[PDB]
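Novice: One letter stands for each residue in the lines below.
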Amino acid sequence: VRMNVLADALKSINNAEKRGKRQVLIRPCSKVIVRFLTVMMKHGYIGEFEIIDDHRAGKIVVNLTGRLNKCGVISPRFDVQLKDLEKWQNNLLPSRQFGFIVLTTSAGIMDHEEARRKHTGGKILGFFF
Amino acid sequence: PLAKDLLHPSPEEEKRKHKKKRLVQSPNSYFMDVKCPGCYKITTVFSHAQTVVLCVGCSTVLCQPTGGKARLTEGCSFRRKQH
Amino acid sequence: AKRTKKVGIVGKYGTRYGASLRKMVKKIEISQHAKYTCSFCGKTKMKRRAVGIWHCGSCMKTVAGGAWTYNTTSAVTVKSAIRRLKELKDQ
Amino acid sequence: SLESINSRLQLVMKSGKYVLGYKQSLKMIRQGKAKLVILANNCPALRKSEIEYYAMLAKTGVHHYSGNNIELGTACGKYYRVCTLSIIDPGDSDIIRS
Amino acid sequence: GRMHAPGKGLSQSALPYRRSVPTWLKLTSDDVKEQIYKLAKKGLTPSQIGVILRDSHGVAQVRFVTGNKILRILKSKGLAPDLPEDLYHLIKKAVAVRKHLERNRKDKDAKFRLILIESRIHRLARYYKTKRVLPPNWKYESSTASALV
RNA sequence: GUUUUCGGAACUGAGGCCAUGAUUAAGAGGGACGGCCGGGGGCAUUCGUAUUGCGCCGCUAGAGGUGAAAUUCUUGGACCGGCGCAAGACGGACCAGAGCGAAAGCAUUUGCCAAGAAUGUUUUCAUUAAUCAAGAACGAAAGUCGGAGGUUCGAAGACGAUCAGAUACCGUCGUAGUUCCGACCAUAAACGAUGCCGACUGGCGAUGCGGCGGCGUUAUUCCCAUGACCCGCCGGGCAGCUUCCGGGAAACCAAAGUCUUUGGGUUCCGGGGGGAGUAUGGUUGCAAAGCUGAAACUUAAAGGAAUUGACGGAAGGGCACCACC
RNA sequence: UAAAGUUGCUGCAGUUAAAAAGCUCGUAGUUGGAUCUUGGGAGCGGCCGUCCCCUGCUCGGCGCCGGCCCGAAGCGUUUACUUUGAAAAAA
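Each protein sequence line maps, in turn, to chains AS22, AS27, AL43, AL30 and AS13.
Sequential numbering from 2 applies to the first sequence in the deposited numbering.
Sequential numbering from 2 applies to the second sequence in the deposited numbering.
Sequential numbering from 2 applies to the third sequence in the deposited numbering.
Sequential numbering from 10 applies to the fourth sequence in the deposited numbering.
Sequential numbering from 2 applies to the fifth sequence in the deposited numbering.
Be aware that a few hints might be false.
Said to hold, decoys possible - In silico SDA-like links for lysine to any residue, alpha-carbon gap of 25 Å or less:
| id | chain 1 | residue 1 | chain 2 | residue 2 |
| --- | --- | --- | --- | --- |
| 1 | AL43 | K36 | AL30 | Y89 |
| 2 | AS22 | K32 | AS27 | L24 |
| 3 | AL43 | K28 | AS13 | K107 |
| 4 | AL30 | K23 | AL30 | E59 |
| 5 | AS13 | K42 | AS27 | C56 |
| 6 | AS13 | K39 | AS27 | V62 |
| 7 | AS13 | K94 | AS13 | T67 |
| 8 | AS13 | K43 | AS27 | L24 |
| 9 | AL43 | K36 | AL30 | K44 |
| 10 | AL30 | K32 | AL30 | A54 |
| 11 | AS27 | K20 | AS27 | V62 |
| 12 | AS22 | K60 | AS27 | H49 |
| 13 | AS13 | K9 | AS22 | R3 |
| 14 | AS13 | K27 | AS27 | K16 |
| 15 | AL43 | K62 | AL30 | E59 |
Source of the hints: derived by calculation from the structure; they are not laboratory data.
Given these sequences and hints, build the entire structure.
Specialist: In structure tokens form, the structure reads like this:
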């Protein structure tokens, strides 16, 4: 069944972006999903998103723009040090200018460049550009 | 059609979407305040009762189960209410 | 322990009489020696006395059954056939 | 119509007061304590007619059972076969209301 | 997506949003709890209790009139059945098949249906074992099961 | 000597107190219940012509079968017409790009037995799940073992033709078999040549079951309510159409898409062509055979899709006395 | 060894080119829904950035009039993960 809940969320908002919809619906809403979309919120990759808290696992209606190229997800959550993060963005991002690898660390959920300030590392969720 | 207002759907079609496929999953069943002419008291029965209920004092059957909505016995008076 | 592999009750014939004959008596040797549930008392005490008769050592009620089995298959279709003709001969 | 009886006997077993066995139940008829008698179909014919005579004088109902005495033990939830049965107190089972 | 069928159906209840008591329900917590007791002493599974309660007395959810659900009310007093009702009705179905399988031993489909029951019985056994509502020495056996209705 | 004030340790008794202790009920699952639905399954039972045989009756010399004939039947009366009886198969037409079932597969009526999807649900349990080495159930036809039965058909074989030859196609007979019961066997182009679970991504008209709503029409009859139609909607079910979604070597594909912008979960499995699913060893089997399964050697291709030609004892048009009539 | 994305973890293919077990059940294995702490404040620059905090319970000195501050020791679900440190033979 639905093993990875973030994965079926990211590919859902990726298909609607390729087709070109204005706002897509995601069936589950976890803590990891909101901490993912808000990473794309700050970089200006999706429009203003809002969730609906029902008395079950929530749903989300994100707002889309024409900016996102792809928001794929890495599976499973691999261990990522700091001596190999540049060995991950070497083969997972288009170029050194744009594109991000969101990764979870003990500080929280943030992109790969934010972790260079805090010098910390952790598991990897996905990536968008 | 790309732009749809998924936030605030229109209630003429919201009643069309499935009970689990609504934006907030809500049932399509209800209750009502029934009374048979074979009595005068007021009871409350489901709309999909799936079991037979008689009145007090063995007066007259109140509903009959079906595959969907419970068939309200004819001649009876009822008033659909909610919470 | 499981003493023999496939030759069951008919391991008493050792190596004699050939595989096939030993095999097709095994389905009969087993059945004729088995104790059945006496349908009159419920106890599993129906034991073949001689060829044809079956004695229940709970009621001492003898039954003229089959030769190796308690009920031959060709007898139970007849009893069901009789039970159907009887009820139609007179309604 | 049998599974109602099978559900009823089960409810008598956990709640009601029942008495298993021919000799024990014949002691219950003769005191006027028993309220229903159950007899398997493979009961001995003299006993079957003896119980029905006794209960006829004690004015006790006899529900002649369908299956045999082996499965009546499994009906009563026991691993020994039973040939007669008497329900002294129905407990909260509506087995005699039918 | 059923687990012993190729059907991928979708048909079940959808509880309403509001988790409060119905505004027309003039029954109290104790009165509901003693209503469950009346069904409990006369014999009725936790599922069927919630049925007849939402048809005659008209409770939305006993979880919303009382702070508990049906089985937790019966286990609190001692009216709860020993082995669970889903395991009960699977056993009640497995012994019904084998009895039919006793006279129809050419019915190869009923043999295939019985293994699907046995697969679902031996799955619910090792689940309830981990939840300790069944003792770890409890093991399902086909011949002896006919007693446990 | 002695108990305690004393620190420490253990145990029993009364309590006071906690905001006194249980997240939600998955467009995850099991289970209950409701009215259904269905060539799903088993047991029994019933019916229908037909076929073949037999009997009687009628009238008669041919009948069969073939491209053409013959083998074969026939005045001992064949074939054909009538009336019956008997036997074993079979379940036409209705019958569908309809349903059901895990797949193989499943169609006279009726009864029984147990099972099931889907829908409906403000019922219950509360993560019980998904995929699965090993292992287990079922598995067409053929083949095998016992019985029972053996109409039609028909491997083998026998003949009659055809033919240069035909131990082949055609024809006449015809054994095992085809049928049932009980045991084996476990393979099929068992094909949708397409693992299962999950999500997402165009519409369109139909269809099948269930549910909801709606003018009217038509049955009950005496209305409501249930049927039959009609108009929509929802669930999932077999499918089709449609297109620059997208992909693909292409044929084609709403999945074979969401694939260098490569990662949802998970089994099985392929590595140029032969040698070869062979040898061998193990192992299952009554056997036939199945499962597991090499190498030596040899070879530069084998293959997939598509295009143009030529070709066809392929089709449809047309034409020529170096073609025919 | 690279070429070899022709051993494919990164990164192969399995409708027809080699190729999904006939089908289902199933144990190890593998993988598993959501759900339990955020925000407010003080410091400064041109609404934001950064520091800081929501730790508890014996022994000695900036001292003060039992009580306050401060330095020092220990305890306060555990692993995975991550960063820091140590420890790490040369060649």
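Novice: State for each hint whether it applies.
Specialist: Here is what the structure says about each hint:
1. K36 (chain AL43) - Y89 (chain AL30): OK: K36 (chain AL43) and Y89 (chain AL30) at ~18 Å, within 25 Å.
2. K32 (chain AS22) - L24 (chain AS27): The given pair, whose Cα atoms are some 20 Å apart, holds under the 25 Å limit.
3. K28 (chain AL43) - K107 (chain AS13): holds (19 Å)
4. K23 (chain AL30) - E59 (chain AL30): violated (29 Å)
5. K42 (chain AS13) - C56 (chain AS27): holds (23 Å)
6. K39 (chain AS13) - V62 (chain AS27): holds (22 Å)
7. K94 (chain AS13) - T67 (chain AS13): Not OK: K94 (chain AS13) and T67 (chain AS13) at ~33 Å, beyond 25 Å, violated.
8. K43 (chain AS13) - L24 (chain AS27): Measuring from Cα to Cα gives roughly 42 Å; hence the hint is violated.
9. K36 (chain AL43) - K44 (chain AL30): violated (38 Å)
10. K32 (chain AL30) - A54 (chain AL30): holds (16 Å)
11. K20 (chain AS27) - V62 (chain AS27): violated (30 Å)
12. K60 (chain AS22) - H49 (chain AS27): violated (29 Å)
13. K9 (chain AS13) - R3 (chain AS22): holds (15 Å)
14. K27 (chain AS13) - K16 (chain AS27): violated (30 Å)
15. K62 (chain AL43) - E59 (chain AL30): Distance ~21 Å between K62 (chain AL43) and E59 (chain AL30) Cα, so the pair holds.
Violated hints for the displayed structure, listed by number in ascending order: 4, 7, 8, 9, 11, 12, 14.
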